[PDB]
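The chain below stands alone, shown as structure tokens; this is the form solved without the ligand.
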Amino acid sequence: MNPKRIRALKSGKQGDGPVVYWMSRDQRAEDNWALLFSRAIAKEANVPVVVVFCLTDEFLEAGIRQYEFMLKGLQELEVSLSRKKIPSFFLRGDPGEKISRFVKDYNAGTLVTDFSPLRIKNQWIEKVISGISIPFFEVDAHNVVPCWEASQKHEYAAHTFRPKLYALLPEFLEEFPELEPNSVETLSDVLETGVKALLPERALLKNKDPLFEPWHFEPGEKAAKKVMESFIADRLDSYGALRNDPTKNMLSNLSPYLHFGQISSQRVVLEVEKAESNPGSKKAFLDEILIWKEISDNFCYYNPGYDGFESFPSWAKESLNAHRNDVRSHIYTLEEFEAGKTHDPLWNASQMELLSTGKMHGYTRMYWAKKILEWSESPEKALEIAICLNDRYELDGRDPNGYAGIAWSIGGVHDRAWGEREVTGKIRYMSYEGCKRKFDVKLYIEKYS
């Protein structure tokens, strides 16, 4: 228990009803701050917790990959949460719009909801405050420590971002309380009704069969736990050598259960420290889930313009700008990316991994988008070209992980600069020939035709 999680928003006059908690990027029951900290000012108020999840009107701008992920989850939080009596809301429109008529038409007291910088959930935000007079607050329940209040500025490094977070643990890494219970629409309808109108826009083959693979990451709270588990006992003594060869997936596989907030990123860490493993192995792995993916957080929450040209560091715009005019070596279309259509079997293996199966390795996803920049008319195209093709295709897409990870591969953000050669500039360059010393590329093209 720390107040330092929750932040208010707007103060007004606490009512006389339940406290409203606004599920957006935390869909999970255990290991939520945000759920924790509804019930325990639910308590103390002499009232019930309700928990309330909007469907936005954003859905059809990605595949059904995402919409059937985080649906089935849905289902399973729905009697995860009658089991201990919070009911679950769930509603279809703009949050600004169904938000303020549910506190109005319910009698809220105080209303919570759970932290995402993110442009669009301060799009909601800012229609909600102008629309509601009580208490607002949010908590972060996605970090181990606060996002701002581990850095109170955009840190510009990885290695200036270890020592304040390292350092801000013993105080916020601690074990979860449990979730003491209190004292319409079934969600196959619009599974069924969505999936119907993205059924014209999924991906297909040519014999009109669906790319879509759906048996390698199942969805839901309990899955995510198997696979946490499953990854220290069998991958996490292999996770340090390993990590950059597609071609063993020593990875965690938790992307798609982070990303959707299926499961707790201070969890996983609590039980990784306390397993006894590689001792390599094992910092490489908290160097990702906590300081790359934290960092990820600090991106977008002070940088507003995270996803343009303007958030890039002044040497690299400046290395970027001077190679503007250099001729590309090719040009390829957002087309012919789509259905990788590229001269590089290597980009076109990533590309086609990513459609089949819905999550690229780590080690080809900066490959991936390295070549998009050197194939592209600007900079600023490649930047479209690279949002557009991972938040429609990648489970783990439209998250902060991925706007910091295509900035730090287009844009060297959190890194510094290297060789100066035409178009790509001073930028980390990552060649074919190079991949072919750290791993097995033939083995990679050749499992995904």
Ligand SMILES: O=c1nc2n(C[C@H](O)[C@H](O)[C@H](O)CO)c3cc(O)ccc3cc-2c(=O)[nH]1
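C-alpha atoms forming the largest set that superposes within 1.5 Å between two forms make up the rigid core. Residue numbers count along the first chain shown, from 1. Compared with the form deposited with the ligand bound:
When the two forms are superposed on their rigid core between these two forms, the C-alpha shift of 2 Å or more among 387, 60, 45, 417 belongs solely to 60. Taking the rigid core as fixed, one finds a CA shift for residue 194 of 2 Å or more between these two forms. Taking the rigid core as fixed, one finds a CA shift for residue 171 smaller than 2 Å between these two forms.
Positional change of residue 203 between these two forms reaches 2 Å or more at the C-alpha, relative to the superposed core.
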Contents of the next structure:
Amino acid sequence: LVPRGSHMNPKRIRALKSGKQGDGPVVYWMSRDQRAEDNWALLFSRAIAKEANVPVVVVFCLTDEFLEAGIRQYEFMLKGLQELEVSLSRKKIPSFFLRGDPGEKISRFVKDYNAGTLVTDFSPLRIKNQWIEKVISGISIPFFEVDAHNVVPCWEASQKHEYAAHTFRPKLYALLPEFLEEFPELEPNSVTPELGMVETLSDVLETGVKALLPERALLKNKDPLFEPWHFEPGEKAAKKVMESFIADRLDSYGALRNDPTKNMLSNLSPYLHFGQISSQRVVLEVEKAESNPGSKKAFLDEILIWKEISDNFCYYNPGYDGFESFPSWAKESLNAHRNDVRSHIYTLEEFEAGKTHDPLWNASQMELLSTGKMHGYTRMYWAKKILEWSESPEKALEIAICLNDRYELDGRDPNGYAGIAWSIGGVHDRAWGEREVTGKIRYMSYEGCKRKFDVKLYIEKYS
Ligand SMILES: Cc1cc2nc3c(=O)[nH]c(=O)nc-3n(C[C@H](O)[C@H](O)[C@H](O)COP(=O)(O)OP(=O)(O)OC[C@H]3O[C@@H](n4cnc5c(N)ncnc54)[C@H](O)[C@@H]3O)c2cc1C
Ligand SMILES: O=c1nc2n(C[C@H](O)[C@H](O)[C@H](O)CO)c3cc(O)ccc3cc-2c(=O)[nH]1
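May I ask for the structure of the form deposited with the ligand bound now, the form solved without the ligand having been displayed?
Once more the chain from above appears, this time first in line as the rest of the complex follows.
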């Protein structure tokens, strides 16, 4: 059914719904992993199709709202998809396009297109679970899930929530020999569909990407400060970004990754978030590069351990966007400090506009507003001050999530929920010295940042 093959480890795929395979095509419902290369979900779909002697097709369902995403994210995504249509067409793989709630739309497409098998990629977010539940209730064919985003499938890396990077790391590293491997080439279709009410991705893109942008987003926020030229979308551009990282930035990454005045990060996160490039691919190429061992170890721990522990966090904590997901020590500490007098209480709107008393905080928010990607070091500072200057930890978490999800190109992502939870709630951290308001949550002061990098320069750049 799912045939054996070179580099096709069956542990990457599991049945969401087992059943009777139909005579029709294999449909890959693409959602998280928007690429044609290095995509285990697409590769498995193609293998299932080959075994059944049917075509494989791809379908995508555009929702007009997604976790507070606006025009900046939808346009980045849709420009990517425009390129993807060409790549898929070159492999003779049809791509179809739906609009609305994927729950309803995907199950109806499965009926209308007479799919014999359904496959999707893996996301641990609540919204994907909700769509999947609805689809299952509406189909009568087998439905598989493939982890295309993680090197080690999320449900294999650990059977539970990992409290620390140091408990996850040995589990993950022990499984790299099995799962850190090259990808096979995607075989083009050899079987022709020749196949109403179904529009192709090509069809819907004939009048451009702008026509597809959600109306509700534009109306809610014109997004005047966004600068679209910092990150070009799509698989080709992602590859360029990875190659320039390796060539120009990787050697200095270990020394300078915590300095937000230096452009020494990979800049891969928007591409990784939309699955326009594979983290497994990135790891393979970094492993091959001759660079500083310190920098390689640091980079690999981020894209392997911290990225995959974020999927672990969301997968094993259904309330990952809530205070109750925090470790017990942190809930106890924040609870004990709930009635401490705050020095500042900012509204969502004040934080959003960068209108605090702290110019480093404001500059961090301006980097986010202007570029859609805040430096990783200042993201920690930024979220921690939202805790410090909100009425409650719950309110802080709500605000941090909202701004991250509204404005980061790489947001609405397990890495964001996990990073915000680390920052505000000590998830995957330890307790530090007790303070008013913030209790034992790790503190990051303005003066501490001044000691570590040129704060004045960062502020000037985003003024
Ligand atoms: C408050 C807060 C919010 C965050 N929100 C997001 C988010 O919405 N989306 C997002 O992808 N990351 C988020 N992160 C994690 C991290 O800051 C970003 O992944 C990183 O800054 C992206 O830039 P880069 O790809 O140039 O990073 P690089 O340092 O080059 O890292 C390469 C890749 O490794 C992964 N990675 C790196 N650092 C982390 C980390 N700390 N946790 C998890 N994975 C990591 C990412 O996939 C990243 O793209 C957040 C962190 C914090 C503290
Ligand atoms: O399948 C979809 N995935 C969309 N995604 C992808 C999202 O990463 C996945 O839907 C989740 O991983 C759950 O599968 C978006 C991601 C963003 O950051 C912003 C907007 C979207 C919109 C959609 C969408 O309309 N349909």
